[PDB]
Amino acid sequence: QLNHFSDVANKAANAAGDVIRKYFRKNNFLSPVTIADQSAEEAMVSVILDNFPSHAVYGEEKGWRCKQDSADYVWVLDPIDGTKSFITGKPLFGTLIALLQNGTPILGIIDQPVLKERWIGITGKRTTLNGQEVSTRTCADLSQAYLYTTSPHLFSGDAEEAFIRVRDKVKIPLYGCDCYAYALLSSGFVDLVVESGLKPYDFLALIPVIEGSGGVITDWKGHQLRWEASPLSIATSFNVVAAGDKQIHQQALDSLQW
């Protein structure tokens, strides 16, 4: 069963990547990004549900869908995380696939279909990039950490104050690539990622990837980042902090003061 979930997840990613590649970089003059997202989601759902008709699927547009009233297994998908990147021709958006068992992610994929880079996290296994194991790196102190976040403008209210406290303490704050930064963290090239306002379809896949690489990912209070997808779950936004090194993670929590 487990390796069957992985095989189907990879089939889904393969289909999404072909769809996305058809539409990427077509807009130099419904928009291609909306067609691409919808068509990619459909391609993924189709192969998932053909294999697993008792499973549910969750997506931004259609919300929860399941042929039954409830499901033990829920696939939570974002064909294009990083729409602004996609729209502007920057190949650092990603396709995110998560499978949840009883509300907990057991598999996550971050796929960059232009670069042909696929990170796969599976509970029980070390995370891989294109089939090869990866690991986070150690970091001596927050002052030595390379930090990413998507944009300085995606922090509102009290969250902006909190971000700034961490931002001012790191080696350097870098910007602009959505899920891709978490992939880099999982491969040991980035020490910290701090974001505010992520929907569950844009973080659940990250969890197995990062944890299975040796990293840490929580909400800004240090609690488990969780979203139990269900017929009534609300796709609200969460604050995320991921680190390659647990000591860095704690220093970040202490600066956020959330």
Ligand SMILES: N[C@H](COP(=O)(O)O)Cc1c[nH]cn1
Second form
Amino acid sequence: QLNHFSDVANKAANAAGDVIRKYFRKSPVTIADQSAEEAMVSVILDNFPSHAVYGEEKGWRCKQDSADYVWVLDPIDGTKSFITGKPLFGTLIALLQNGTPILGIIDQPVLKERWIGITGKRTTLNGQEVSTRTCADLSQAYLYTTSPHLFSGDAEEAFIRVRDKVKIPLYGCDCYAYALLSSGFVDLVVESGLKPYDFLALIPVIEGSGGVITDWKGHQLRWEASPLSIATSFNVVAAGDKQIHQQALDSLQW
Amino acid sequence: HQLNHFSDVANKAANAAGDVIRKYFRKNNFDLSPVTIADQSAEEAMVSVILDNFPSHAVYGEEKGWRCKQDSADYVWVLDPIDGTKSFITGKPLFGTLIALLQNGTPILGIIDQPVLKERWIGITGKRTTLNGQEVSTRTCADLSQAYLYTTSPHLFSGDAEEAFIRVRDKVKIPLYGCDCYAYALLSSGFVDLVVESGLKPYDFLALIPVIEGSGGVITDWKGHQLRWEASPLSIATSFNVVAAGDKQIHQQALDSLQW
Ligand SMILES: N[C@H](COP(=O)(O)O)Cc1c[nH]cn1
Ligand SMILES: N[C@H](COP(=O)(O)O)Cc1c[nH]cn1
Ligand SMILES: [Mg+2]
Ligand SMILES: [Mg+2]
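Write the structure block of the form solved in complex with the named molecule for the protein whose form deposited without the named molecule appears above.
The next block holds the full complex; its first chain is the one shown before.
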């Protein structure tokens, strides 16, 4: 079973990438997203008809009333990058067992870069093991977030507290920043308002690299995909180094 | 035609920079820097190519300023090996190598090279801009309200310039961030409508001018005047504000908002 999950997840990512390349740098984003999701679901359910799938547009789908295994997909995380021709969007694939991610992929189909997190294994990038880096203090950390405008109210005030303590705040890449953290080139990622399909795949990738990823109180990020689950918004903080993670939590004051 | 020889040599210079840069990119995941080494070495590689071919030309960069075997030169190569140092340091492959050739102070050739992604935009006076040898064009945009805007960082504005940037920012469809010269490359290929930045040095923008103009775009200072900087033995690398647009009409609306 466990190899079979990895093999099928790769086949699904391959199918999504084949689709996406037909649309990149030509509604195109919507057509690409829908076609890539269909391609992934076909692969998944051909192999695992007892599983369920979950995505943004169509929600939960399962040919049975329940499933132990659920695939949570986002064909194009980073829609604004995609629309503007910037090749740092990603396809996100998470497989959840009883609501817990056991596999996550971040795939960049243009750059041909694929991060794979699997419970039990070290994360890989194009098949080679990766690791997060240590970081001596928050003042030395390189921080990413997608946009300064994707924070409001109390969350913006919290972000600013962290932002003003790091070495430098950088912007613009969605899931790719978490990939770079997993590979040891970024120290901290702080975001507000992510939906489950935008973060679940990140969890095994980051943890399997040696990093930490939680909500802004430091609690486990969890969203159990089910027939009745509601795709609510989450705040996320990821770090390469546990000590920097705790400093970030202390600054967020959430 | 001498511009074809200049193009050939510029391409050899970009190839040499890229070979250096690929040796150093994503070497820093174990906690002088790789970025300084890479930058210096890449500049040296380009300079060697340029001056092997053109001993009567000058070169100009950030660290060393003006260099020439003679006291003056008609042709000056202005170089930035790594535009987007923070992207380079953090493993984000959207920095670029910038090469501009100036004849009597005016850019006649510009390259934006991404050596990891293997994407090279070339602007040559007289020709349409190319990306990996294929012609490119900017796109039309119906109104500032429909424009996709990029800038490197929200924090690279201060004072009156920040206030002017905010006026534009709040009028566009969406403001996006993070990628230095690469945003101007995307504008040249017709995927971005507007780029607005403050505080660029000449090695950060001269290469952009032939690229953007040769794709059908417009690039000026914030008053709508020509961006001009004559590289010379006594020139000072001062800071400039830049606005680039795919569409002339959007450019003017942006100038109207900047109120500079
Ligand atoms: N990656 C998050 C979704 O982007 P998209 O919907 O453009 O694909 C970006 C984000 C950060 N905070 C809130 N949303
Ligand atoms: N591309 C400009 C230079 O970046 P670098 O010095 O990190 O390479 C970014 C910039 C915008 N406004 C001011 N500077
Ligand atoms: Mg997503
Ligand atoms: Mg520069």
